[PDB]
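**Student:** Produce the entire structure from the sequences given, and follow the hints as far as they go.
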Amino acid sequence: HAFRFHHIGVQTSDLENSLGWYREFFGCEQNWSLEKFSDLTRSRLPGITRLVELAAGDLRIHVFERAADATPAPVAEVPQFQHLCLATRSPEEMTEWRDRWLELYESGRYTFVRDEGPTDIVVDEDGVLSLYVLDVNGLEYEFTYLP
Amino acid sequence: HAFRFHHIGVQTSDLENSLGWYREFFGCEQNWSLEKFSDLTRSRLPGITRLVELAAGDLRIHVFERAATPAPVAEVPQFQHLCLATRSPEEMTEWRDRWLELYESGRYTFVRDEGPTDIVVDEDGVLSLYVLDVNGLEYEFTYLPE
Ligand SMILES: [Fe+3]
Ligand SMILES: [Fe+3]
Numbered sequence: 004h005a006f007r008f009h010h011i012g013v014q015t016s017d018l019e020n021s022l023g024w025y026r027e028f029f030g031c032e033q034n035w036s037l038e039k040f041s042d043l044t045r046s047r048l049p050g051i052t053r054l055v056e057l058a059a060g061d062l063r064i065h066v067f068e069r070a071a072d073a074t075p076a077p078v079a080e081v082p083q084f085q086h087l088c089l090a091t092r093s094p095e096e097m098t099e100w101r102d103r104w105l106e107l108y109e110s111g112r113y114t115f116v117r118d119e120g121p122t123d124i125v126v127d128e129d130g131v132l133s134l135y136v137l138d139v140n141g142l143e144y145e146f147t148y149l150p
Numbered sequence: 626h627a628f629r630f631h632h633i634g635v636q637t638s639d640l641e642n643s644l645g646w647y648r649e650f651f652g653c654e655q656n657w658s659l660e661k662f663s664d665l666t667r668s669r670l671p672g673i674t675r676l677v678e679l680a681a682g683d684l685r686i687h688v689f690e691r692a693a694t695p696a697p698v699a700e701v702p703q704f705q706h707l708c709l710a711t712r713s714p715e716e717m718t719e720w721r722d723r724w725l726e727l728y729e730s731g732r733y734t735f736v737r738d739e740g741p742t743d744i745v746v747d748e749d750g751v752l753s754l755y756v757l758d759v760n761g762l763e764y765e766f767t768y769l770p771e
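Sequence order for the protein chains is A and B. For the first sequence, the positions run 4 to 150 when our numbering is used. For the second sequence, the positions run 626 to 771 when our numbering is used.
No lab work stands behind these hints, which were simulated from the structure alone. Even for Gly, the Cβ is constructed at its ideal location relative to N, Cα and C. One thing to keep in mind: the hints can contain errors.
A partial selection of chain A residues facing chain B, derived with a Cβ cut-off under 8 Å [stated by the list, open to error]:
{"#": "1", "residue": "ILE11"}
{"#": "2", "residue": "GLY30"}
{"#": "3", "residue": "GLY60"}
{"#": "4", "residue": "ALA90"}
{"#": "5", "residue": "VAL116"}
{"#": "6", "residue": "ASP127"}
**Tutor:** This is how it looks when you write it as structure tokens:
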């Protein structure tokens, strides 16, 4: 492969809320954190205060927070990295991901930008199973199962 | 492994322009195209008209267009950037050079007019480079020495 996917950056308004939820939901473990930045990093992410590299499966997730006064929601209309899709290994795991989401939502340990619950697990013309959930930032994750 | 990254969705306001730039810049190939959607898809992406799966490297990109507000918003929670690892320092130079070649070609329109950053080196020799796609979305190229 000419290149390889390395990490996705997740910008949040509440880093500690996101870190806790990502660890419990995805099983992320922390590889490092950073609070001192290059000029270049600060020019791409003005006001960044803390950055953490998380890891789950093959996925690296850099979660960071920038100094801000307000806490806006995501804007659905604008060009964007709109969703991230993870593949599961069985229809049973799809149900488990859905149940685990509701369990974390009902636990009262996290704040969520949106009130929206998970979709049902749906099947398409080819047997593919789909599930969409939102992280605590209102960002969309898709779970899929490929027969 | 509990799960595996499958694809990233990129939402655009001009699908044709994105398809061309992603193909030329990343070497993507169009695996398939779709213009008929399930009720679930239409509920998550109201107004979606066309969806395309592109493949480059070990990455699947689902580029899609809904209704023809431009410009990403920088302050909101978001998937803020995607980082791709390269194989050599010379390839970092190449990615920068090829970004500029495409930008200056006139073949594409860009939401923002910002050029690529310099290539910078951290205390461990790791190289970083940032560019924007035609939608103004950020791509990071890195090189991590052995
Ligand atoms: Fe998707
Ligand atoms: Fe990054």
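**Student:** Hint by hint, note whether the structure agrees.
**Tutor:** Hint-by-hint comparison with the structure:
no.	hint	in the structure
1	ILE11	6 Å, holds
2	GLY30	6 Å, holds
3	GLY60	5 Å, holds
4	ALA90	4 Å, holds
5	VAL116	7 Å, holds
6	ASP127	6 Å, holds
Violated hints are absent here; each numbered hint is respected by the structure.
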